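First, one chain by itself: the form deposited in one PDB entry, in structure tokens.
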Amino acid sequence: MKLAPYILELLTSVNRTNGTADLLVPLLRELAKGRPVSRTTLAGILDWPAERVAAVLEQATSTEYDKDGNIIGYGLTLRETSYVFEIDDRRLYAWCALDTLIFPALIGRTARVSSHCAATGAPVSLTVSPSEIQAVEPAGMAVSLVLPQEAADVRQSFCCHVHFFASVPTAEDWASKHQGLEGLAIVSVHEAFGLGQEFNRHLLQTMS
């Protein structure tokens, strides 16, 4: 299917102010270590004033913080979700299925991803590296997509609709009961991974 509209809107929703991509990659790499991230740690990595870190994050409405005010979630998160995302000996989580496909390339590490089919509850898993997917179980695994909204919180408008399914026919049956969602579409996990690759290429091309 044609994926340009999805790539365009996700980039628009993710890149709200200059420096967002510059901040996002280092942040994901820090979160993948499995501990909360302080704004001063980010400031030092980037060579920015901590105020500026704060300004970028403030536009990032969905950002999750802990009781200490440290960052614990921005796409990749320490707070439990339906999408388990493990890097070596650290268990992390992700906000949605497409996230699990995108982050390995940005972090530079291979992740073991696991979840359950949104329609049937069957366990699903795969291994996602920066360049390819492997051990897709079951082999016909699928993903749902919707068109992201520009002036909405990304979790409410996109992430909550983007799931894994046991198969394409199972996903399509599920989708038949989900009208009024702009751009709702079912793709194989392979097609979704390719969408992630194209998104990443465009995102990285906007960094320093």
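Each form is matched to the other, and the largest set of C-alpha atoms that superpose within 1.5 Å is called the rigid core. Residue numbers count along the first chain shown, from 1. Compared with the form deposited in another entry:
Taking the rigid core as fixed, one finds a CA shift for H190 smaller than 2 Å between the two forms.
Form deposited in one PDB entry done, so how does the form deposited in another entry look?
There are no partners or other molecules in what follows, just the one chain.
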């Protein structure tokens, strides 16, 4: 379909908070190691004052901390969700389906991704590398999209409605049952992966 409206609003929501794009990659790479990430550690890595790291993170109100106040989730997370994101043997999680398609390129690793169809509970899995997906099981796997909303934390506006599905027909039936989500649409995981690729492209250009 026409995906420009989705990319454009996702890029905008991200660029709405200055520095987000700059903090994102270095934090995903740290979280990908499997251990909580200190905010002070993050500030050294960005060579930023602690204040700027703080302001960026308090915009993502979904940001997860542990009991020591260390970062344990930002897109990628150490706390179980229904999207499993395995790098090496390390079993990490993602907040949404599209995360699992865009993060491999940002952290430069290949992930073994798994979840369950949000319509039927069926197991889904795929391997996502920085440049391609492989081992798509079942082959017809789909993803839901909605129009990202402006002036709202990204997880809560957009990708809480961004799931995997066993197939496009199964997903379209699920989607017809919902009709109060702006821009609700179903795409193949291949098309989803392409959106992710275009998002990442603009995203990287936005870094300093």
